[PDB]
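The chain below stands alone, shown as C-alpha coordinates; this is the form solved without its partner chain.
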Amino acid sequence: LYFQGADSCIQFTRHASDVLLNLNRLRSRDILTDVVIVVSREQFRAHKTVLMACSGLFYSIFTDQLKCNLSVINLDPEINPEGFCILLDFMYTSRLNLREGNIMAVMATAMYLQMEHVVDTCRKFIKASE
(Lines of atoms letter the chains of each structure in order from A and count residues from 1; the text may use other names and numbers.)
(Lines give C-alpha, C1' and ligand atoms only; values in the text may rest on other atoms or scores of the structure.)
(Ligands and ions follow the chains in the order given, each with its own letter.)
Protein backbone atom coordinates (compact mmCIF):
# COMPACT_ATOMS: atom_id res chain seq x y z
CA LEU A 1 0.00 0.00 0.00
CA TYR A 2 1.87 2.97 -1.37
CA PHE A 3 1.04 5.91 -3.58
CA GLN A 4 2.61 8.86 -5.30
CA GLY A 5 2.12 11.70 -2.85
CA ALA A 6 1.10 15.25 -3.85
CA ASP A 7 4.85 16.08 -4.10
CA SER A 8 5.89 13.06 -6.32
CA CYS A 9 7.43 11.27 -3.29
CA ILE A 10 6.39 7.67 -2.47
CA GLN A 11 4.00 7.62 0.52
CA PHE A 12 3.05 4.54 2.50
CA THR A 13 -0.69 4.60 3.26
CA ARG A 14 -0.59 2.49 6.43
CA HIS A 15 2.79 3.62 7.82
CA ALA A 16 1.56 6.11 10.42
CA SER A 17 -1.19 3.79 11.71
CA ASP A 18 1.26 0.85 11.72
CA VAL A 19 3.70 2.91 13.83
CA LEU A 20 0.88 3.59 16.31
CA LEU A 21 -0.13 -0.07 16.34
CA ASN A 22 3.46 -1.01 17.16
CA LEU A 23 3.80 1.71 19.86
CA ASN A 24 0.59 0.41 21.41
CA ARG A 25 2.04 -3.13 21.37
CA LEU A 26 5.10 -1.78 23.20
CA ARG A 27 2.79 -0.18 25.76
CA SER A 28 0.80 -3.43 26.21
CA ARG A 29 4.06 -5.34 26.87
CA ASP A 30 5.57 -2.54 29.00
CA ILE A 31 8.51 -2.17 26.62
CA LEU A 32 10.46 1.12 26.89
CA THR A 33 7.68 2.79 28.85
CA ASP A 34 9.27 5.68 30.71
CA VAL A 35 6.53 7.25 32.80
CA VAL A 36 3.65 6.26 35.00
CA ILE A 37 0.61 8.50 35.11
CA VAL A 38 -1.33 8.32 38.40
CA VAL A 39 -5.09 9.02 38.29
CA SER A 40 -6.71 8.86 41.78
CA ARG A 41 -4.61 5.88 42.80
CA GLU A 42 -4.73 4.06 39.45
CA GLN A 43 -1.48 3.80 37.51
CA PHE A 44 -1.05 3.96 33.73
CA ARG A 45 2.34 3.26 32.10
CA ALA A 46 3.12 5.10 28.85
CA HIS A 47 5.75 6.62 26.59
CA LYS A 48 6.45 10.31 27.23
CA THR A 49 6.95 11.05 23.51
CA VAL A 50 3.48 9.74 22.59
CA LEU A 51 1.91 11.74 25.43
CA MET A 52 3.72 14.92 24.31
CA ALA A 53 2.67 14.37 20.71
CA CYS A 54 -1.01 14.31 21.71
CA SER A 55 -1.46 16.59 24.77
CA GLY A 56 -0.53 20.22 25.45
CA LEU A 57 -0.27 19.46 29.17
CA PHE A 58 2.20 16.61 28.69
CA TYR A 59 4.13 18.64 26.13
CA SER A 60 4.57 21.39 28.76
CA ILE A 61 5.56 18.95 31.52
CA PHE A 62 8.12 17.01 29.49
CA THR A 63 9.76 20.13 27.94
CA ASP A 64 10.28 21.67 31.39
CA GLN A 65 13.88 21.16 32.46
CA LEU A 66 12.84 20.31 36.02
CA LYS A 67 9.91 17.98 35.26
CA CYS A 68 11.23 16.14 32.19
CA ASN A 69 13.14 13.65 34.42
CA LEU A 70 10.15 12.63 36.57
CA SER A 71 9.19 8.98 36.09
CA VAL A 72 5.86 9.46 37.94
CA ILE A 73 3.30 12.17 37.09
CA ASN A 74 0.18 12.72 39.21
CA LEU A 75 -2.95 14.22 37.70
CA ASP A 76 -5.68 16.15 39.50
CA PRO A 77 -7.42 13.50 41.67
CA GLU A 78 -10.79 14.74 40.36
CA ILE A 79 -9.92 13.34 36.98
CA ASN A 80 -11.85 10.23 36.05
CA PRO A 81 -9.46 7.33 35.23
CA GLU A 82 -12.00 5.89 32.74
CA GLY A 83 -11.85 9.30 31.05
CA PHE A 84 -8.06 9.23 31.13
CA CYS A 85 -7.96 5.66 29.81
CA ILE A 86 -10.27 6.53 26.91
CA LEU A 87 -7.94 9.40 25.98
CA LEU A 88 -4.76 7.35 26.43
CA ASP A 89 -6.20 4.63 24.18
CA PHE A 90 -7.11 7.34 21.68
CA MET A 91 -3.51 8.64 21.70
CA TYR A 92 -2.22 5.17 20.79
CA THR A 93 -5.01 4.14 18.30
CA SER A 94 -6.85 7.16 16.75
CA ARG A 95 -10.08 5.62 18.14
CA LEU A 96 -12.15 7.69 20.60
CA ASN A 97 -14.74 5.58 22.37
CA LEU A 98 -17.29 8.31 23.21
CA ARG A 99 -20.59 7.19 24.75
CA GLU A 100 -23.49 9.09 26.35
CA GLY A 101 -22.37 7.78 29.76
CA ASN A 102 -18.73 8.96 29.43
CA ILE A 103 -18.77 12.08 27.20
CA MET A 104 -18.85 14.64 30.03
CA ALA A 105 -15.94 12.97 31.85
CA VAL A 106 -14.01 12.54 28.60
CA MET A 107 -14.51 16.20 27.66
CA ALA A 108 -13.39 17.41 31.10
CA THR A 109 -10.31 15.20 30.92
CA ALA A 110 -9.46 16.38 27.38
CA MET A 111 -9.75 19.99 28.56
CA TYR A 112 -7.37 19.26 31.44
CA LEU A 113 -4.90 17.50 29.06
CA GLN A 114 -5.16 20.31 26.45
CA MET A 115 -6.38 18.04 23.66
CA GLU A 116 -8.27 20.70 21.69
CA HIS A 117 -9.48 18.56 18.74
CA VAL A 118 -11.00 16.05 21.15
CA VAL A 119 -12.64 18.82 23.22
CA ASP A 120 -14.16 20.31 20.03
CA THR A 121 -15.44 16.89 18.97
CA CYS A 122 -17.06 16.28 22.36
CA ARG A 123 -18.68 19.73 22.11
CA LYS A 124 -20.13 18.90 18.67
CA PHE A 125 -21.60 15.61 19.93
CA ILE A 126 -23.07 17.29 23.03
CA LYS A 127 -24.65 20.08 20.92
CA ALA A 128 -26.23 17.50 18.57
CA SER A 129 -27.75 15.60 21.52
CA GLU A 130 -29.70 18.61 22.86
Contents of the next structure:
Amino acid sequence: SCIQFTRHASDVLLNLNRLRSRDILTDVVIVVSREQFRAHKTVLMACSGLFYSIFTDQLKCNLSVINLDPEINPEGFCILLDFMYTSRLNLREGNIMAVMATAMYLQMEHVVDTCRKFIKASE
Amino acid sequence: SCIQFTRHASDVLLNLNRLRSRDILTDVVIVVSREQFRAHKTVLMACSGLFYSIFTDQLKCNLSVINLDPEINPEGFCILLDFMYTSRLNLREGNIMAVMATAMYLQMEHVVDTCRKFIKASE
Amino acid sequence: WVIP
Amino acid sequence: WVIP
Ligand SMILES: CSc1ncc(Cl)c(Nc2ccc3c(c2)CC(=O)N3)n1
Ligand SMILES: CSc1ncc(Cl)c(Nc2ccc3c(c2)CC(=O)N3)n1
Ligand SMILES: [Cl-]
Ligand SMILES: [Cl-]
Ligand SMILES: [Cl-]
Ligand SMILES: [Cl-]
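Would you mind generating the form deposited with its partner chain bound now that we have the form solved without its partner chain?
Every component of the complex follows; first up is the chain already shown.
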Protein backbone atom coordinates (compact mmCIF):
# COMPACT_ATOMS: atom_id res chain seq x y z
CA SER A 1 0.00 0.00 0.00
CA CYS A 2 3.03 2.37 -0.44
CA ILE A 3 2.87 5.63 -2.47
CA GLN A 4 5.85 6.39 -4.76
CA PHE A 5 7.66 9.67 -5.57
CA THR A 6 8.42 9.48 -9.33
CA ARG A 7 11.42 11.88 -9.30
CA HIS A 8 13.09 10.50 -6.13
CA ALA A 9 15.73 8.23 -7.83
CA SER A 10 16.70 11.02 -10.31
CA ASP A 11 16.92 13.60 -7.44
CA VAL A 12 19.12 11.18 -5.41
CA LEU A 13 21.46 10.70 -8.42
CA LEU A 14 21.56 14.48 -9.07
CA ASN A 15 22.67 15.02 -5.40
CA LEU A 16 25.26 12.23 -5.61
CA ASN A 17 26.70 13.98 -8.72
CA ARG A 18 26.76 17.32 -6.77
CA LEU A 19 28.77 15.56 -4.03
CA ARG A 20 31.15 14.15 -6.69
CA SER A 21 31.64 17.61 -8.30
CA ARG A 22 32.53 19.11 -4.86
CA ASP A 23 34.66 16.03 -3.95
CA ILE A 24 32.46 15.38 -0.86
CA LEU A 25 32.78 11.91 0.79
CA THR A 26 34.57 10.43 -2.28
CA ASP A 27 36.43 7.36 -0.95
CA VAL A 28 38.35 6.00 -3.95
CA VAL A 29 40.66 7.13 -6.78
CA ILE A 30 40.41 5.21 -10.06
CA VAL A 31 43.71 5.41 -11.97
CA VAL A 32 43.46 5.12 -15.78
CA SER A 33 46.83 5.45 -17.67
CA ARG A 34 48.08 8.02 -15.02
CA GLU A 35 44.73 10.03 -15.19
CA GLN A 36 42.97 10.00 -11.80
CA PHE A 37 39.19 9.97 -11.11
CA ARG A 38 37.70 10.44 -7.65
CA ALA A 39 34.39 8.73 -6.93
CA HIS A 40 32.11 7.01 -4.41
CA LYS A 41 32.64 3.22 -4.19
CA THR A 42 28.85 2.63 -3.71
CA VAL A 43 27.96 4.52 -6.93
CA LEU A 44 30.70 2.66 -8.87
CA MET A 45 29.31 -0.69 -7.54
CA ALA A 46 25.70 0.31 -8.35
CA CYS A 47 26.67 0.96 -12.02
CA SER A 48 29.36 -1.58 -12.83
CA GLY A 49 29.66 -5.35 -12.51
CA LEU A 50 33.45 -4.95 -12.31
CA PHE A 51 33.39 -2.40 -9.40
CA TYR A 52 30.69 -4.49 -7.68
CA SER A 53 33.06 -7.55 -7.72
CA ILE A 54 36.10 -5.40 -6.65
CA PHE A 55 34.51 -3.64 -3.68
CA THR A 56 32.74 -6.81 -2.36
CA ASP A 57 36.19 -8.47 -2.16
CA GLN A 58 37.28 -8.64 1.52
CA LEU A 59 40.76 -7.19 0.68
CA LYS A 60 40.00 -4.78 -2.22
CA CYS A 61 36.98 -3.20 -0.39
CA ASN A 62 39.60 -1.39 1.80
CA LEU A 63 41.72 0.02 -1.04
CA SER A 64 41.66 3.80 -1.61
CA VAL A 65 43.31 3.44 -5.07
CA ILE A 66 42.23 1.09 -7.93
CA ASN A 67 44.39 0.82 -11.09
CA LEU A 68 42.55 -0.17 -14.26
CA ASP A 69 44.02 -2.29 -17.07
CA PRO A 70 46.53 -0.14 -19.13
CA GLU A 71 44.46 -0.79 -22.33
CA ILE A 72 41.61 1.32 -20.82
CA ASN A 73 41.28 4.74 -22.44
CA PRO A 74 40.91 7.64 -19.86
CA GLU A 75 38.40 9.54 -22.07
CA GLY A 76 36.23 6.39 -22.41
CA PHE A 77 36.34 5.98 -18.60
CA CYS A 78 35.52 9.68 -18.01
CA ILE A 79 32.43 9.45 -20.32
CA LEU A 80 31.26 6.32 -18.43
CA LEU A 81 31.88 7.85 -14.99
CA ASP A 82 29.76 10.87 -16.11
CA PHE A 83 27.03 8.40 -17.26
CA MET A 84 27.12 6.60 -13.86
CA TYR A 85 26.34 9.86 -12.02
CA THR A 86 23.89 11.41 -14.55
CA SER A 87 22.20 8.68 -16.75
CA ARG A 88 23.61 10.70 -19.73
CA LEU A 89 26.01 9.09 -22.19
CA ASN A 90 28.15 11.34 -24.45
CA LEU A 91 28.31 8.83 -27.32
CA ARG A 92 30.09 10.17 -30.46
CA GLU A 93 31.51 8.68 -33.70
CA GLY A 94 35.04 9.45 -32.42
CA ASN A 95 34.63 7.81 -28.99
CA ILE A 96 32.13 4.91 -29.51
CA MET A 97 34.82 2.20 -29.88
CA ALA A 98 36.65 3.36 -26.68
CA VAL A 99 33.32 3.73 -24.78
CA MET A 100 32.09 0.22 -25.80
CA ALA A 101 35.47 -1.41 -24.90
CA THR A 102 35.50 0.41 -21.51
CA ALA A 103 31.80 -0.55 -20.83
CA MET A 104 32.59 -4.24 -21.65
CA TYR A 105 35.55 -4.17 -19.21
CA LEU A 106 33.46 -2.35 -16.53
CA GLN A 107 30.51 -4.75 -17.14
CA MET A 108 27.90 -2.02 -17.88
CA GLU A 109 25.51 -4.15 -19.95
CA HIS A 110 23.05 -1.41 -21.03
CA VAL A 111 25.89 0.84 -22.32
CA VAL A 112 27.43 -2.14 -24.24
CA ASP A 113 23.96 -2.79 -25.80
CA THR A 114 23.45 0.81 -27.09
CA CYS A 115 27.09 0.94 -28.44
CA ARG A 116 26.52 -2.36 -30.35
CA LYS A 117 23.25 -0.92 -31.78
CA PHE A 118 24.83 2.43 -32.81
CA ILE A 119 27.82 0.63 -34.45
CA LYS A 120 25.45 -1.78 -36.33
CA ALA A 121 23.49 1.25 -37.75
CA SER A 122 26.71 2.81 -39.23
CA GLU A 123 27.86 -0.41 -41.06
CA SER B 1 24.18 15.66 -27.77
CA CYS B 2 24.04 12.97 -24.99
CA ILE B 3 21.61 10.00 -25.06
CA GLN B 4 19.89 9.10 -21.75
CA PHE B 5 19.03 5.71 -20.18
CA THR B 6 15.56 6.20 -18.60
CA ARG B 7 15.87 3.44 -15.96
CA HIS B 8 19.46 4.24 -14.87
CA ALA B 9 18.64 6.31 -11.70
CA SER B 10 16.06 3.69 -10.53
CA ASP B 11 18.56 0.82 -11.20
CA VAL B 12 21.29 2.70 -9.25
CA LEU B 13 18.89 3.18 -6.27
CA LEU B 14 17.79 -0.49 -6.44
CA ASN B 15 21.50 -1.56 -6.21
CA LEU B 16 22.18 0.87 -3.35
CA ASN B 17 19.23 -0.71 -1.47
CA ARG B 18 20.69 -4.22 -2.19
CA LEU B 19 23.98 -3.04 -0.64
CA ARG B 20 22.06 -1.68 2.40
CA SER B 21 20.14 -4.99 2.85
CA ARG B 22 23.46 -6.95 2.81
CA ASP B 23 25.19 -4.30 5.01
CA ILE B 24 27.83 -3.69 2.27
CA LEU B 25 29.95 -0.49 2.60
CA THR B 26 27.53 1.06 5.16
CA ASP B 27 29.59 3.70 7.01
CA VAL B 28 27.25 5.10 9.66
CA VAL B 29 24.82 3.98 12.39
CA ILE B 30 21.84 6.26 13.06
CA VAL B 31 20.62 5.83 16.65
CA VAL B 32 16.91 6.56 17.26
CA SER B 33 15.71 5.99 20.91
CA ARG B 34 18.19 3.01 21.28
CA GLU B 35 17.08 1.49 17.85
CA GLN B 36 20.03 1.38 15.40
CA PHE B 37 19.94 1.84 11.60
CA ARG B 38 22.94 1.20 9.35
CA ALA B 39 23.20 3.26 6.17
CA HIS B 40 25.41 4.98 3.60
CA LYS B 41 26.24 8.62 4.47
CA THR B 42 26.02 9.65 0.75
CA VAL B 43 22.47 8.26 0.38
CA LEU B 44 21.37 9.93 3.65
CA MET B 45 22.84 13.27 2.37
CA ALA B 46 21.19 12.86 -1.06
CA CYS B 47 17.74 12.47 0.60
CA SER B 48 17.83 14.71 3.66
CA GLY B 49 18.70 18.35 4.28
CA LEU B 50 19.60 17.43 7.88
CA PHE B 51 22.07 14.62 6.92
CA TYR B 52 23.48 16.85 4.15
CA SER B 53 24.31 19.56 6.78
CA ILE B 54 25.69 16.92 9.27
CA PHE B 55 28.02 15.09 6.90
CA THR B 56 29.36 18.30 5.24
CA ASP B 57 30.46 19.46 8.72
CA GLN B 58 34.28 19.09 9.01
CA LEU B 59 33.97 17.29 12.42
CA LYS B 60 30.69 15.32 12.04
CA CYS B 61 31.65 13.97 8.54
CA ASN B 62 34.06 11.60 10.42
CA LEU B 63 31.54 10.24 12.95
CA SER B 64 30.48 6.59 12.61
CA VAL B 65 27.49 7.09 14.99
CA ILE B 66 24.81 9.85 14.81
CA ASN B 67 22.22 10.17 17.61
CA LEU B 68 18.90 11.73 16.61
CA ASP B 69 16.75 13.92 18.88
CA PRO B 70 14.97 11.70 21.52
CA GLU B 71 11.53 12.95 20.27
CA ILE B 72 12.15 11.09 16.96
CA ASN B 73 10.06 7.93 16.62
CA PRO B 74 12.10 4.85 15.40
CA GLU B 75 9.21 3.54 13.23
CA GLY B 76 8.85 6.97 11.53
CA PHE B 77 12.63 6.96 10.87
CA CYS B 78 12.55 3.35 9.55
CA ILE B 79 9.71 4.24 7.07
CA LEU B 80 11.73 7.27 5.86
CA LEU B 81 14.99 5.31 5.56
CA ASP B 82 13.07 2.74 3.42
CA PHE B 83 11.74 5.65 1.28
CA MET B 84 15.29 7.05 0.83
CA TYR B 85 16.50 3.74 -0.68
CA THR B 86 13.34 2.82 -2.67
CA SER B 87 11.23 5.96 -3.54
CA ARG B 88 8.35 4.10 -1.76
CA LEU B 89 6.66 5.63 1.28
CA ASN B 90 4.59 3.38 3.60
CA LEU B 91 2.17 6.13 4.65
CA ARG B 92 -0.69 4.91 6.90
CA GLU B 93 -3.35 6.54 9.14
CA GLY B 94 -1.51 5.19 12.21
CA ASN B 95 1.96 6.48 11.25
CA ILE B 96 1.33 9.73 9.24
CA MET B 97 1.87 12.08 12.22
CA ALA B 98 5.19 10.36 13.19
CA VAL B 99 6.32 10.23 9.51
CA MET B 100 5.54 13.96 8.91
CA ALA B 101 7.31 15.02 12.17
CA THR B 102 10.37 12.86 11.27
CA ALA B 103 10.42 14.22 7.63
CA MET B 104 10.26 17.84 8.97
CA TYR B 105 13.21 17.12 11.31
CA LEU B 106 15.16 15.32 8.52
CA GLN B 107 14.29 18.14 6.04
CA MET B 108 12.69 15.87 3.37
CA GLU B 109 10.48 18.51 1.73
CA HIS B 110 8.57 16.25 -0.72
CA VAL B 111 7.60 13.79 2.07
CA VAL B 112 6.43 16.74 4.30
CA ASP B 113 4.31 18.00 1.33
CA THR B 114 2.48 14.66 0.74
CA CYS B 115 1.89 14.19 4.54
CA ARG B 116 0.36 17.73 4.75
CA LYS B 117 -1.88 16.89 1.73
CA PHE B 118 -3.01 13.49 3.14
CA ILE B 119 -3.76 15.05 6.58
CA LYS B 120 -5.75 17.93 4.94
CA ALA B 121 -7.92 15.36 3.02
CA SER B 122 -8.91 13.56 6.30
CA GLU B 123 -10.03 16.77 8.16
CA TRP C 1 3.41 10.99 -5.98
CA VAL C 2 1.72 7.94 -7.64
CA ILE C 3 0.26 4.50 -6.82
CA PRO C 4 3.16 2.25 -8.02
CA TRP D 1 17.60 5.02 -24.35
CA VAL D 2 16.06 8.42 -25.31
CA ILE D 3 17.01 11.92 -26.54
CA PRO D 4 16.73 13.88 -23.22
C1 LIG E 1 23.68 -8.42 -9.09
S2 LIG E 1 23.27 -7.96 -7.39
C3 LIG E 1 23.98 -6.38 -7.10
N4 LIG E 1 23.77 -5.88 -5.84
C5 LIG E 1 24.35 -4.67 -5.59
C6 LIG E 1 25.10 -4.01 -6.55
CL7 LIG E 1 25.85 -2.60 -6.15
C8 LIG E 1 25.25 -4.60 -7.85
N9 LIG E 1 25.83 -3.95 -8.89
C10 LIG E 1 26.08 -4.43 -10.19
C11 LIG E 1 26.30 -5.79 -10.55
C12 LIG E 1 26.36 -6.21 -11.88
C13 LIG E 1 26.13 -5.25 -12.88
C14 LIG E 1 25.87 -3.88 -12.56
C15 LIG E 1 25.82 -3.45 -11.24
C16 LIG E 1 25.66 -3.12 -13.84
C17 LIG E 1 25.75 -4.23 -14.92
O18 LIG E 1 25.59 -4.14 -16.12
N19 LIG E 1 26.04 -5.45 -14.27
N20 LIG E 1 24.65 -5.80 -8.10
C1 LIG F 1 21.22 21.80 -1.94
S2 LIG F 1 22.72 21.22 -2.75
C3 LIG F 1 22.94 19.54 -2.29
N4 LIG F 1 24.06 18.94 -2.81
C5 LIG F 1 24.25 17.65 -2.44
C6 LIG F 1 23.38 17.00 -1.57
CL7 LIG F 1 23.74 15.47 -1.08
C8 LIG F 1 22.24 17.70 -1.08
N9 LIG F 1 21.26 17.09 -0.36
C10 LIG F 1 20.10 17.67 0.20
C11 LIG F 1 19.98 19.01 0.64
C12 LIG F 1 18.76 19.56 1.03
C13 LIG F 1 17.61 18.76 0.92
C14 LIG F 1 17.69 17.41 0.45
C15 LIG F 1 18.91 16.85 0.08
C16 LIG F 1 16.30 16.83 0.44
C17 LIG F 1 15.42 18.02 0.89
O18 LIG F 1 14.21 18.08 0.98
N19 LIG F 1 16.27 19.12 1.16
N20 LIG F 1 22.03 18.98 -1.48
CL1 LIG G 1 45.24 1.87 -1.22
CL1 LIG H 1 24.81 0.26 -17.94
CL1 LIG I 1 31.83 7.97 16.20
CL1 LIG J 1 11.71 14.04 0.14
